[PDB]
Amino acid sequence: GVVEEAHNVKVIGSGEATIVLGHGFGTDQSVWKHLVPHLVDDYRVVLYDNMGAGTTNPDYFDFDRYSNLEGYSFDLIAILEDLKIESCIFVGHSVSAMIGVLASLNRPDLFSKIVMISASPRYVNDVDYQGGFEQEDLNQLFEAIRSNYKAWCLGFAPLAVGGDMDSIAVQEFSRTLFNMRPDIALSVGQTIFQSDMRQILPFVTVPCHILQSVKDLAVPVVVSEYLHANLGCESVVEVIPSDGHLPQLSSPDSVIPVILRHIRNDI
């Protein structure tokens, strides 16, 4: 199947009860490796890769399509339609949380709940909003990515993942980051860092569970409070006593039980 192949779609199980898991920048569906084992006996589990991940064909990366997060939301809806899924719990890591939110505005019927891990609607600070970054900080980042990609990957992965600098998770994320084509990494990094989803949050109607590490390079804790205050749906927040932007990969013993409780239990 064309969509299946392009996004490396994997489907594990057959019930109606379905969970779809979307990954963040720099990684792939393997970020879910410590969560999936605990879902498959109860749910049909769907994994996919975002266009532009290093596991995808760079020929399919259309810079205009992906110039806004809406392109990735259309991909998500296409995957759901291709699989004939009528409803799912969507678990979105990092940018995928916002991708799922956008998809839910167009097709709320397809989602019963969104569980977000490491989400942010806006990374750039203004005089009334803390997102974590000044524009000049983002400018430096993009220049690094342009100048020497390998070296940028090696420096960034430990910061993003947190914990011990030579952990297996750091190594894995360095590998997946460097698997991206450099031009695509740069373009998508800019699209994400410059995004702004704040204005649409009041229109969300699907219930959201907002989870993050207490220490996350890209997500100040106040962002979780901001999502909770401004989302128009029912929501709950749980800050986890963990380090890292990919804590489901790097700190599973502390993080997986929290994600599971939010998947299995409704607000």
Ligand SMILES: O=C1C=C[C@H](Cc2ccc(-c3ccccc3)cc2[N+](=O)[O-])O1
Second form
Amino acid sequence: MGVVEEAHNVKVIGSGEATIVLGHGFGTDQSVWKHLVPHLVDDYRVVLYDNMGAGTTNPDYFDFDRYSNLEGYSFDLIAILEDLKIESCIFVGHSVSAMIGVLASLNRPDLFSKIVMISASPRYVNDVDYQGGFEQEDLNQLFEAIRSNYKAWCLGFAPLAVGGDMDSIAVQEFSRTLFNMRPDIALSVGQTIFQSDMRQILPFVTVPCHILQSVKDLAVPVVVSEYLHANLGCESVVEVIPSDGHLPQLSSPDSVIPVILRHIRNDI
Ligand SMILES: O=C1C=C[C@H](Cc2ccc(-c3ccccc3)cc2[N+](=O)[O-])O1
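With the form solved without the ligand done, generate the form solved in complex with the ligand in the same format.
Once more the chain from above appears, this time first in line as the rest of the complex follows.
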């Protein structure tokens, strides 16, 4: 493939028009989809890619100005879609990737037939009329910990994000992918994500959105899902899952994958 496909570790599995693109969240890579993809390959052409700055990607390619906001990531996504001659896709977006997909669909709604979000949020920071999950002081202690001692921060953060049992295979995997990130890049992407505010553009979305989340998610209070549902400008549905964790498609696939598959496979 071309430089931008190689740079993002693009995998394409299968052929056909019916296509699904899967974007991962901060701290992991395309391997977060390992339990979902086996259920998709028989009906869809499956596109996987890593966000720039993931531990699987070349740090020389991490342009701190390009990725200073979410639009830098949406331009990457669009470029991959165009490079792959993809005319229309179902986009499954995990965590920040949910809003990267929303951004891309504002510029190219023709490219997306629907967006399935998992663990999405347009705004993490609380204000007097919006519960996001974090007070600004929460963030400060985060950037202070990451900056202080990254490795230690990875070990501590991974079980809280994955949730569930602390001895799990998923906590193992995530702490690894978290730690393979270059500490300055991890920091820079952290700021961009946590300082993001997608709330004001939601009304302009014109693609149907399925809003999925763990009922217990350290980074996404359940009211966020309802906020998204109430302010998105196209049709949308919410389904809160009886699961624990920010990466439930990895950590609790038995209860989580069937829900994701229902929302991929069926329309509103
Ligand atoms: O991107 C996001 C924002 C919130 C959720 C969960 C989350 C993911 C990633 C990170 C993070 C990773 C590496 C370095 C710094 C921060 C932190 C959180 N968090 O605080 O909750 O996803």
